[PDB]
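This document starts with one chain, in the form solved without the ligand, laid out as structure tokens.
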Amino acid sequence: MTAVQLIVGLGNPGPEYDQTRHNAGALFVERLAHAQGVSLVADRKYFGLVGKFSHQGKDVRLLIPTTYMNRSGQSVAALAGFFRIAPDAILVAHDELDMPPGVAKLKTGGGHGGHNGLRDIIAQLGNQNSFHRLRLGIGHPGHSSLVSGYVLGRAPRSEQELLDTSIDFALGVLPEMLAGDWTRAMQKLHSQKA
């Protein structure tokens, strides 16, 4: 029932991190900005790249933080604070170790499950975990001590292709996500195959 007003794509900024797995969220927002003809504006007020398009009478902002991943909440609280967007109207796209490339999934609430962008966003929003997440499969290196080197790696072509297919599946339920119809978005999405 709650229209989306902020879509956030997590990533690390800088050529050092560009095209790495940990930036799947920002790739999604970047694709979304492009399809919607939206320009992403370097806005130091929000410590990120900001854009907007109109949907159903409301402005939908797109945010790609330019702080480090671990300080993402600062970007998301700035923009969401200035505009008084509640967590319920926020969607955060992020890399998800727990699903393979090719798989995208939606979730409402829950933990950060170890993702330090999500953890910061949760802390900065006065401890509310209630925002929505678009989980973009990036696979798992199989061990916990490789995680950090893995998210920061660039995936081989086959996995990069499958990430791109799951971002295309996700854009397919954009009408549903923008409306806050999570049940349907989940239904159409979680029925695709890469």
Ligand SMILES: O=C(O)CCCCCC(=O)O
Contents of the next structure:
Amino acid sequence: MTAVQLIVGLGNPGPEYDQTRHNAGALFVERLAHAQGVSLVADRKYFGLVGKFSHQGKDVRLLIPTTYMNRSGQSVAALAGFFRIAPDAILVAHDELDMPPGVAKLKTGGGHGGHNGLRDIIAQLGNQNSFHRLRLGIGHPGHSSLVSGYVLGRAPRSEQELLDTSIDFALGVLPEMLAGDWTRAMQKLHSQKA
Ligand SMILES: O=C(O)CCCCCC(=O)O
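Here we have the form solved without the ligand; I need the corresponding form deposited with the ligand bound.
Now the full complex is given, and it begins with the chain already shown.
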């Protein structure tokens, strides 16, 4: 019923953060943008890289913030603000510690689950958590004190391959995601085994 107008892929900027676990969301958008032949334009006005393509008469935008992970909302709020976009027309792809590599799922609203990027977004939007989330599994290190370094590290070859499989499964349900039909999008996704 509500078309997706903005896709956001979270990550940290700089070479020392590239290809790391924390940048799964950004990688998804980066791969989604390449499949569509969309160009990511550096725009200081919105604090990140912006992309645009049409789908059913409406403009769908792609965004990778270039502020830090914890100031991401600023960028999201800057773009949603200028284009008057409702929170529920927004999909944010991100790394999810709670599921293992090779697994991806969808979710509407909810907590930020300690994720600092998600958390700034809810704040900057005026406490709107009503948006959508593509959760790309990266696995858990086993303990809470090891989390900060685990997400800021590059994964072994076997693990990346599973993530690569999951980003592929996800683009596979893009037609269903752009339309905003989440129950089918979930039904087609949630049953793919890596
Ligand atoms: O718990 C999640 O949704 C994803 C986790 C990686 C979390 C890191 C963070 O706060 O940057």
